[PDB]
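Missing here is one protein chain; the remaining ones are kept as they sit in the complex.
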């Protein structure tokens, strides 16, 4: 028996990832009790994001600019490129503070079943970026379709000069063997680095 | 280190109840990957909600109309009014299908501590609606400020004619005593109905 | 290990214990002294033999009567029937009851095979006498509900007063997030306050 | 008595103890009996193993005595569970040695209570030792120390790889692990 | 992970606080476990449940109540429900029809003023749709037409020449015979007199005992 407007707002809210229809309702109700400033501003912020910020031409990471801060930035080496599934993934690797290279962001992981070939990911323009005497670190997720995408990219990239690497599969920080999954364990065990 | 737009959008997102700053970021990133249709529509839905739907003059329930569907609706008896803290609370009681009366939505409880007197709640216009030979069921939560609010309303309403009731405090359905809180137990125990 | 299989499976036995929960416990157990483990089984079997069911109301004790019965400071006006021993405890906790409990030891289920025989009903009837009060503290599951209903329509011939612990919304909970059944029943069960 | 003795064990809170004691009162003399029975059979009948300190009954665990397993390599794990979940992966036919803790100075744990010393005999010329202690700084350190102590004897020291676990996305993986799986990265195509 | 619509035809607990439960859905019976609608016996519910090799008894994530029948606790309607659901659990292992039927059963045993009657009728229809038909026309021993004697061993009907006990009264016979043909509508209109039901009860009991486990 809901006001039409309400049902719209709720639906749109429910479209967002993470919002259960329940949550979407609660969220709309609360959205109501708020002033018109509050709203006109939220909606404004959205529209201004839609309009302003876009995808960098070099690595397809987000920016309002003509080149993502990371590409433009001079302290960084074009000697290496880290290929990664999504922008959040750049943020996450960057927080680690442990990587000074460049990035490439696909925005997808090959899924045939979901209809996703590399006509969909940003795989094509990666190619002219690689050449003789560079590294390409392959940073897709440990998910099957990630791993797969990694593989496909190794094979695609082989012809052109660069070295090719895969971020280590293994056990994360502050884990115990007791409480880690057989698969991961196996990988870590085989993939062990030797020292002496 | 994000384009300014991004930070805005993220902030606004975080303002929403339930959105952890983390969640707000994830939420904006994903918001990005969606088409412009998707967005302009979400924002549109918001603004159209802010504009269209308002508070019902009789009971301050939500509607886009001049009277909430519940007030306008003829099958219902003005003999009774259920006073209830928030709109969601109406929805909730109505689902129960157990109630044919009218409603009143205060839109919050009494919190002196948070600076909330019955100049903030919609207490004043409830008054002309009560009179001789009606029931007022007091539907505020079992929270202290709910209880409190109920009490205040009993005393306020005493002078005019109507009967006054309080929704039963006690144990919910399919509960076990073993696993219910001492307070609730106590209430149920004292508040027991006698039959034979 | 043949007997570690014993220990650990014998752990998987108890409720709350899954396979790796059993593991965890068996292993952690291997690191206790002979002392701990010993006195552990000791307390275990002292609990087996030394204490037993009580005939009067079937709350667990050691001696010939539970401290609810034998202890004279408690009033004989009222008896309170609960589903099981835990119910007795959590009920004492609320600090609202100085009377008698009688323990049925289970609810009425025909499917599951439970007749009011294995149930301690029959031994209850002697305890109810002219002009007392009996309160029905069986749980609120349809099974406990029915159990009560039966207990009343059976108990009404003897002169005492039958009351049953209140169904309602539990202390400190808001309607919006309370279920339709409980709401409905706290809507109907509602007490009155102010009458013309 | 019973119930407090329940609150004793880990995983058991006060009303968890209640629930269990009570549910226990409704078992037979049989159940409860054989329960304590298995309890004390577990006490006496089985003990620590002197070679590598995995729990068993007989004079050796089935990892040691059983000749089908290779002696080339020994794998050091924090505790028995580690042994199990490690066998599970189906990736290892060799030896485990169990150091019955990790190294913590604060907590007071020195490599004495730890089964380090009894490890040294087992490592011979030209073997491999893999370090399966956990990845907590304490397990980390433990390993580090185990290597810098173990390098004099001729065997080969390797340590289980740090990185992002199977089936997980970076976005939601922590900065420390990411960084270490970024550095630890293996190479595939070289020119 | 799938979500479905159901009715709880069985309920159980292990002291851990975990509740194992049997549902009847139009997709057949489904037995799911939930650790922790509060999921009550005879509720008409709907829920999300999670399946896999991880756990071989289906877990339960979100349980939401659609409809419910409180009346079923009052002693009469109660015994009768528990029965109906015990049927739903024994047959129906698979066509949605059984679900809409047993459904109707609970409805009618809840509201209709003569609950025992509902229970008899719906009892034989529940059995029937499930392909267990009282065999009437032919004596169970000799094969003689139109037997009117209760048979103890098989739960079928014996002729006078092949029967130790006296004949089921005419009401109970008429029902027994034309039992599985009539519609709920017009089979409610022709109830066995109260005085003759106990025979017809004791009848149905052995019949079921001998077929169903």
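Chains here go by letter, A, B, C, D and E, matching the order in which they are written, and residues are numbered from 1 within each.
The criterion applied here is as follows: contacts are C-beta pairs under 8 Å (C-beta built on N, C-alpha and C of every residue); 3 or more make two chains touch, one makes a residue touch a chain.
Which listed residue, D:27, D:37, D:136 or D:186, touches the chain dropped from view?
Looking across D:27, D:37, D:136 or D:186, the contact with the absent chain belongs to D:136.
From the list D:10, D:28, D:67 or D:126, pick the residue that touches the absent chain.
Residue touching the chain left out of view: D:10.
Just name the one of D:27, D:104 or D:186 that touches the chain not displayed here.
D:104
From the listed residues A:47, A:139 or A:173, report the one that touches the chain absent from this view.
Checking the options A:47, A:139 or A:173, the one contacting the hidden chain is A:173.
So which bits of subunit D touch the chain we can't see?
10-12, 104-107, 136-138, 140-141, 144-145, 148, 174-176, 180
Tell me where the left-out chain touches subunit A, residue by residue.
Output for subunit A: 172-175, 179.
Over the whole complex, note the residues of subunit C touching the chain we left out.
Residues of subunit C in contact with the hidden chain: 24-25, 27-28.
By definition in this document, only the chains that are shown with their structure count from here on.
When the C-alpha atoms of subunit B and subunit E are each averaged to a single point, how far apart are the two points in Å?
Here the centre of subunit E sits 43 Å away from the centre of subunit B.
Rounded to the nearest whole Å, what is the centre-to-centre distance of subunit C and subunit D, using the mean of the C-alpha atoms as each centre?
Distance between chain centres: 42 Å.
Among all residues of subunit D, which ones touch two or more of the remaining chains?
Residues 19-20, 22-23, 79, 81, 84, 171.
Could you pull out the residues of subunit E that touch at least 2 other chains?
Where subunit E meets two or more other chains at a single residue, that happens at 15-17, 38, 40.
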